[PDB]
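Participant: If you want the building blocks of each chain, they are given just below.
Number of protein chains: 2
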Amino acid sequence: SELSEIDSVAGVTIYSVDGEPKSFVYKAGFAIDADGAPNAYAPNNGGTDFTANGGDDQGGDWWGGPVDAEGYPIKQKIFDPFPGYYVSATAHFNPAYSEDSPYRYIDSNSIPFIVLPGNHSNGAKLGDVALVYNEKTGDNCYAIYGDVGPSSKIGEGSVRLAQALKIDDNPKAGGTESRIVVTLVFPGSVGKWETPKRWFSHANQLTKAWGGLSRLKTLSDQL
Amino acid sequence: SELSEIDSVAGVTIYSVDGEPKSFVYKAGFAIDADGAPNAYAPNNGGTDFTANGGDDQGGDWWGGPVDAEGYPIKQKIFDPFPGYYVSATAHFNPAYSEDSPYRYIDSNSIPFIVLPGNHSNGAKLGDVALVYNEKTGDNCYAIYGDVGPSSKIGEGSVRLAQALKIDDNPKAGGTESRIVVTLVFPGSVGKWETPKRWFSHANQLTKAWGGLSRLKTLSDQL
Numbered sequence: 002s003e004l005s006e007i008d009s010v011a012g013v014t015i016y017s018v019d020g021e022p023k024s025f026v027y028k029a030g031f032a033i034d035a036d037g038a039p040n041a042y043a044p045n046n047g048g049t050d051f052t053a054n055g056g057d058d059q060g061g062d063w064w065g066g067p068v069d070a071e072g073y074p075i076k077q078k079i080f081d082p083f084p085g086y087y088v089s090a091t092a093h094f095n096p097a098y099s100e101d102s103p104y105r106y107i108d109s110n111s112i113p114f115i116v117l118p119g120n121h122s123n124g125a126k127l128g129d130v131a132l133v134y135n136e137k138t139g140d141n142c143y144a145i146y147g148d149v150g151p152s153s154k155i156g157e158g159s160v161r162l163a164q165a166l167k168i169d170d171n172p173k174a175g176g177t178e179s180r181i182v183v184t185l186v187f188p189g190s191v192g193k194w195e196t197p198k199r200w201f202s203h204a205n206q207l208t209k210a211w212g213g214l215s216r217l218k219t220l221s222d223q224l
Numbered sequence: 002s003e004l005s006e007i008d009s010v011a012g013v014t015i016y017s018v019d020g021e022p023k024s025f026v027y028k029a030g031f032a033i034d035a036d037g038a039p040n041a042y043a044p045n046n047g048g049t050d051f052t053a054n055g056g057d058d059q060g061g062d063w064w065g066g067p068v069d070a071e072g073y074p075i076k077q078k079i080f081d082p083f084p085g086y087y088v089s090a091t092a093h094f095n096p097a098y099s100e101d102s103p104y105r106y107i108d109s110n111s112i113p114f115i116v117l118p119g120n121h122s123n124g125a126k127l128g129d130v131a132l133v134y135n136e137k138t139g140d141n142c143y144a145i146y147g148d149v150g151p152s153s154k155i156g157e158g159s160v161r162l163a164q165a166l167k168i169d170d171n172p173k174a175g176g177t178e179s180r181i182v183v184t185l186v187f188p189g190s191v192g193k194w195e196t197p198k199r200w201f202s203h204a205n206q207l208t209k210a211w212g213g214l215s216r217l218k219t220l221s222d223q224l
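The listed protein sequences derive, respectively, from chains A and B. Per PDB author numbering, the first sequence starts with residue 2, numbered consecutively. Per PDB author numbering, the second sequence starts with residue 2, numbered consecutively.
Please note: incorrect hints may appear among the correct ones.
Stated by the list, open to error - Simulated coverage check for chain B against chain A, where a stretch passes if three residues somewhere in it have a Cβ under 8 angstroms from a Cβ of chain A:
1) 61-71
2) 80-87
3) 95-104
4) 110-117
Since the hints were derived computationally from the structure, they do not count as laboratory data. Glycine included, every Cβ here is placed at the ideal spot set by N, Cα and C.
Turn these sequences into a full structure, and let the hints guide you.
Facilitator: Rendered as structure tokens:
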């Protein structure tokens, strides 16, 4: 077999794929990561996700995004997409923008991105590209490794990636627990922030060199 | 008396203001410029503005945004805010993104920006900052010179700037022709693209040095 187990998370095996470019693959469900969307979090459950999923916004521990000097979530400004909403962070970021800016983070609503579990990146660096495939519908999309999830879970990506895969994109009730999504990651492919046009083109180039979606469909029968 | 006429458009006198930092001021209505908003234009009147307001989207003269090699408007991709909508352009732009990207242009929905009439920039360069004041309500906001309008009209700005001034922000039916908006432009203040946090902070410093909003309110009685 061209596939060799390199890792396993929550019952999902991750396989190294023989050949160039270097890649690994796994079949999992698809939870919705709204992190980075500028409407994900707001006071009093005003966002698309529950405020409490970012922590305590009243001077306790807030982990959902950047905080001020007193530990309160940053509120978006009049020049930000959703004034008064909190700034939701992703692990991948655009260095052009300050820590307190929604523009620093990857907008889950518009950018197809995958989540990898913490300590299970398997050599991938934030910004690396991937091909993502819904085996139930045939839908597929290129994506970046854009966020880090719990080390104990696997199979998660952005609101826009869900839309592209025809998976329910609602942050509260969406996603699927059915293991219908095949993710092919290209570790070492980018490793930095770049424009979506640039990384999408690169994902296309790597996928063609790797053997295309047709090869992924063939390999997916082993998963 | 601190004001000296430097220009006139559509019956609106534009005045330089004595002292540093250099500035000019005018009192005008506020038309809505949806250019740069990624939902402004789409085929078949799908955008927030009428498609015809961008020109001819059937291979003819299209001024609404970039076109392909055949002359038809560029459509947004799966990694753009509104896939399938046209790319709407502003005169001011972010050089980090390609001509065909909505991210290159100033998103009217989120960025407070003013329009100056073509051939009537009066020394201002795109990216320069301004203080904008609704004399009827007292609302005010800093903004950038973001787009170029018809040479025969004056008083126009972005959807977000309308929101900040509590003026109807609808691209089709909004804005006002009542001369209630006082715009104080700082020519030579920035003259390039930079993050909103940077230019907004600089506008705040220039306004402090210039004498604050209270000075603009007093000067507005001469307009």
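Participant: Please flag the earlier hints that this structure goes against, numbers listed from lowest up.
Facilitator: Checked against the structure, the only hint that fails is number 1, while the rest are satisfied.
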